[PDB]
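Starting off, we have a lone chain in the form deposited without the ligand, written out as structure tokens.
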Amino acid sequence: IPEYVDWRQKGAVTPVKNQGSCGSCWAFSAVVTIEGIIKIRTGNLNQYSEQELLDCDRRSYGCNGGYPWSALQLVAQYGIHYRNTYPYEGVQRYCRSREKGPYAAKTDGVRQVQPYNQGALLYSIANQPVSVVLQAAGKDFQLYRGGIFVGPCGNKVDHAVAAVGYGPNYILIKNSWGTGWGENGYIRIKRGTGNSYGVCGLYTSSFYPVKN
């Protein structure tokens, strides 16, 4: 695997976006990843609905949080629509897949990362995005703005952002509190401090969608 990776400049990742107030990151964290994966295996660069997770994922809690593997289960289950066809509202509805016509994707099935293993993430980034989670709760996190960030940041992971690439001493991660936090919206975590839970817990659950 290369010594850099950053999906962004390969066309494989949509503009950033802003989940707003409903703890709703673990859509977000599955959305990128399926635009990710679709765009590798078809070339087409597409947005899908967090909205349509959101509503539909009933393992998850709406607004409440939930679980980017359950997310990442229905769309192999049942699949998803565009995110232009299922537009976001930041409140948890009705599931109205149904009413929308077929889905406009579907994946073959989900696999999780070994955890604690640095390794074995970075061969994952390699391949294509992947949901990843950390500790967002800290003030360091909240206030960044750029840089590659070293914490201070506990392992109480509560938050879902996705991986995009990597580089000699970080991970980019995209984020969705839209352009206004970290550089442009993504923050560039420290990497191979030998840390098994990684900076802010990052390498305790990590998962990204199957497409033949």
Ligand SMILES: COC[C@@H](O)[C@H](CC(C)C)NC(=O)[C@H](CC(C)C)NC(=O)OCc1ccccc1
Given for the second form:
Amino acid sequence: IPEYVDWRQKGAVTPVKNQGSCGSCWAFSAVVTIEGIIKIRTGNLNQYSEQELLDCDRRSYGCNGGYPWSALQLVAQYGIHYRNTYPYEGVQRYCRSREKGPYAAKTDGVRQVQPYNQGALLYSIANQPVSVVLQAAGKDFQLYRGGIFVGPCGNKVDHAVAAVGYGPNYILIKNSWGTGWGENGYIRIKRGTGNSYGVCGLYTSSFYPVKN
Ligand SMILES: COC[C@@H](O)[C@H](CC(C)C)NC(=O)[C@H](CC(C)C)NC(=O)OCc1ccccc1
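The form deposited without the ligand done, now the form solved in complex with the ligand:
So here's everything in the complex, that chain up top.
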């Protein structure tokens, strides 16, 4: 695998979304990977529906956090709709899936990256973006604003986000707090500190969609 990886220059990642009061992170996380895997496969980049997972995942908790591996499972059974087709309201409203017609895309599977292992997490990122979790409950993360983030932060992972790249001493992360946070909505969390947990918890749970 290469030294550097930045999915954005491969035309495989879309503009930074904001999630608002909703604990929709999981959806926003799972969607970045789907958008990426498909462009990687097909050749076209299209925004997908976070609101769709948020409303149709029976195993998550709507605006009260959820499990990106279940939402990612959701898009494996049925599929996902374009973003304009089923736009983001930011409140959980009933499952308007079928009532919208035929899904925009569907994936072959979901998967787990061996946890607490910064190496597996790099093999994977070098194929397509991946769902990753961390800790943002802290003032430092909330107040981040550029440069390589090192902390301080615990390992009490809450927030869900996506990894769209890496370099020698950082893992490029796409977060959903707008473009007026971090590096235009992005954050470069440092890697290679030996910590088996990863900075802020970055290696506690990682999943990605399979697409033949
Ligand atoms: C008041 O914060 C308490 C928290 O725990 C929760 C986090 C939860 C998602 C785990 N809230 C936040 O992090 C807030 C609010 C929004 C943007 C999510 N984020 C935030 O303030 O960062 C965005 C920001 C951007 C530019 C200037 C100042 C702040």
